[PDB]
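Asker: Please build the complex by placing chain H with the ligands on the supplied structure of chain V, with the hints as guidance.
Protein chains: 2
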Amino acid sequence: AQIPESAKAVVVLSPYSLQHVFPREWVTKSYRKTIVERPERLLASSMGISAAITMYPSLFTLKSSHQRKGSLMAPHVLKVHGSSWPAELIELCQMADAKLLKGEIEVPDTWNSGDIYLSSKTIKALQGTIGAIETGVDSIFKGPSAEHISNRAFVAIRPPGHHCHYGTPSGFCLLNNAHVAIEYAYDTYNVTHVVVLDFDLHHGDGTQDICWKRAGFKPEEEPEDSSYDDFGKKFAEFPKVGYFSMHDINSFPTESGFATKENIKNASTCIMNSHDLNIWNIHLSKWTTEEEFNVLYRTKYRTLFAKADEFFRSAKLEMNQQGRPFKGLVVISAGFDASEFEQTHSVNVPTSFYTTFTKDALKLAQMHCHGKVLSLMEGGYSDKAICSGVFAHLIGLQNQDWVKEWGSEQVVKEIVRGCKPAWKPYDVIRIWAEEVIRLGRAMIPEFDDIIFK
Amino acid sequence: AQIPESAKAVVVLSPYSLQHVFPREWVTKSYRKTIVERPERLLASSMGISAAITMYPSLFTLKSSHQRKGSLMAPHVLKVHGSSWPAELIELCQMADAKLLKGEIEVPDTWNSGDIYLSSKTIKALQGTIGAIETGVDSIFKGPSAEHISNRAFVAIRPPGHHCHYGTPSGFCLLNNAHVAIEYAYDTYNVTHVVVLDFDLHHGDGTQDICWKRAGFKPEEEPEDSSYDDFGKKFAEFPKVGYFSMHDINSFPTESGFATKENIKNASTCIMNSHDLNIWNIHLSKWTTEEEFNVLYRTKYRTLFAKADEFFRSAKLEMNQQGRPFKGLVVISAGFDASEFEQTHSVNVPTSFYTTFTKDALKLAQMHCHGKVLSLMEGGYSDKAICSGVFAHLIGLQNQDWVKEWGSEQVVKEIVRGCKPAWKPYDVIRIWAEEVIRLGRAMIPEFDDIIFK
Ligand SMILES: [Zn+2]
Ligand SMILES: [Zn+2]
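Respectively, the protein sequence lines represent chains V and H. Residue numbers for the first sequence follow the numbering used here, so the first one is 10 and each next one is one higher. Residue numbers for the second sequence follow the numbering used here, so the first one is 10 and each next one is one higher.
Keep in mind that a hint or two might mislead.
Note that the list lumps identical chains together, so a pair holds whenever it fits in one copy or between two copies.
Claimed, not checked - Only pairs whose alpha carbons sit at most 30 Å apart, straight line, appear in this in silico DSSO-like list of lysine-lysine:
id: 1; residue 1: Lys295; residue 2: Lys336
id: 2; residue 1: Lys111; residue 2: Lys422
id: 3; residue 1: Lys325; residue 2: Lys72
id: 4; residue 1: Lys270; residue 2: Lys72
id: 5; residue 1: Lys243; residue 2: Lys295
In short, the hints are calculated from the structure, not lab data.
This is chain V alone, in the form it adopts within the complex:
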């Protein structure tokens, strides 16, 4: 060829993730549309993937995890979540169907049944999602020949992870995908230091909660143990994780009017290199003009990369002063619900932001991680936000330039037509869009069983 395979970014498809679906068949079909975390999100993410590959056919490699599974008992789950939550999750799923045919809510009465659901199919879905995560990590670390190994991967998985706490699910998240990826990468490839860059509209309170666990502080779920000193702390183990988020402080999990002291505090935490914590949270600002947003980016949002840069410089020093091998990774919590295209707080981001942000993540990974970048899909709910966001994210993951018209309402509207389950075709923008739609709808054959029929 000309472009070598190692120079391409890997896109990991997760066919088992399609199986997790809202199950309560006795609700209004209008309430049913209120449920935004659904299998159709993967069809929209495939449209974004298709768009990137159509613009740049030589820059991406599609990889399906197919039937590869990870165990809910695997060490990269147990060491992230303990053994009590995984076993309770499996129990709930195994009793769900029986409850659900009696018109009963399938989750515990202490949970917000409106923001979390499960069924017996959820187990296979999560096992497959773990498989797809392992595939992503393997794609960028595995092999005898470092030169023949890709550096960047995007993993199109659901349900999302960043709201799942150490021992408690919430916000449609049953498992913290990012910390599972991190633990697998540490166990399998000796990755020692990871930064998580989270540009979802929502605070990743679950990802951050588990950062506190990794610092050695006792989780709220766990019964107090003599393992912890009088301050509820013990030794912080590898891998070391730094969490860097930009999000709307007036949205979930701290929606204006519906917010607790404790969640407001976590969503506002800024601390580096102290008490075994590395956590930085920044809040989205309103803007109107293109130049207003650029000022916000250059003066406010870009500082996430500065803090993450400090994290890696400090880590290299501690490792070399101690005679230990350093190995970094940049993880992106790629959520697209802050997009201008997300369904209707006026703090949004323009579609181009996803290209810009990802390009700056590339610079960070080149300087400290030998270019290793792992992006995992998080939130993002309308067809338009997911499709346009994945598209610009992938364009930036391969260090290409965004063209403003690529994210125009006209173009995104034509692509999204292909998400309707019974889409039939019908001028330049239409011809290109139907080329994108044909590939996107074919990309996972299971779309047909789960959606088109």
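Answerer: Chain H with the ligands alone, transformed into the frame defined by chain V:
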């Protein structure tokens, strides 16, 4: 004259604050020197005051609160602390002496007896401190003729306030001086919006805790009430307070190795204009050269003024959109324990920082508060740190330039000689220093009863 009295900054002396003294007479005289919060701090603060007045005899006015008292039942205490803590404080003081002559600790067994003390004399001391605070506020707001009213005051009070929570004392603080000043200024002069700028080495966890109370969130001390919604929130009332701190995140109340999740979170909180909160916490950085510290100041510490500027601009908008009168105040929590001269974590500040910081506070108050600035003494414990810090702080409070040699080890060492209770005199620096010492030792006559004898 030439310089009008209104152009001078007011220095408020608090003779009753001398009476609060560590009382447990059965300890080692070495342990006794471990107790840093002591009446002698006011003698050192008088040396700094004396130094500023000797350099600039026309720029300051000394004012003693003399025997003016505020009540521990006054509204500007009850509305800051509730009625339960004030009454419990008075009870403890009234039972202390009887306990103390039996060799008993006078505070409750659930408190850290090592970081908090009281005696029967503490009540009069606190009443007088409140009186001195009222004097400071009155000095810059009271009178028929706005043109004939000073804009700036420094209040030399102890014990400090910034560690006192809503309902719980700690860190040698029995009363939150800053929020008492704020409430008095709101009750008496209709001050609606206050920024607190805190450059003490330690996080002002008490001042910040009370900011949460003012936002309408339930304090941990208070029993849950139907006054609060399901999120523990109710309506936020005037005055609106914003808290802006730079401090060492590895020092008390979050000392490295001895720190709780909850205190680490509060000491790292950054949030503006949301959930009725305005809180910004920044962490001191190590430096070695003069130019290293200047970079830290210009790129990290100065942002406190930017955030406080945003606070006032937002406040003016909300008030004018609602037809309400805005009136601002800048309060400085002036603690000097971050000084290079404080007794031995290597994050320090050069003496000149206190001039620079205060000058930037002047600019903020000129733009938004008609120049109104109220500085209240907080921490700072060695004779050298308090004397040099107050000196440079006062030099900056009157917008003068610091001269590096003014804070040289030679000069500060000569002044501090005058703090020894039996000081006798003995060349240019010595002559100037003894002029400073004579005035400083005479400034409060009660020094003689409490210290010199
Ligand atoms: Zn989300
Ligand atoms: Zn202090």
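Asker: For every hint, state whether the structure bears it out.
Answerer: Quick rundown of the hints versus the structure:
| no. | hint | result |
| --- | --- | --- |
| 1 | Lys295 <-> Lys336 | between (38 Å within a copy, 26 Å between copies) |
| 2 | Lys111 <-> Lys422 | neither (41 Å within a copy, 83 Å between copies) |
| 3 | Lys325 <-> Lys72 | neither (33 Å within a copy, 56 Å between copies) |
| 4 | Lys270 <-> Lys72 | neither (43 Å within a copy, 42 Å between copies) |
| 5 | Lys243 <-> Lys295 | between (41 Å within a copy, 26 Å between copies) |
When the structure is compared with the earlier hints, violations turn up for hints 2, 3 and 4 and for no others.
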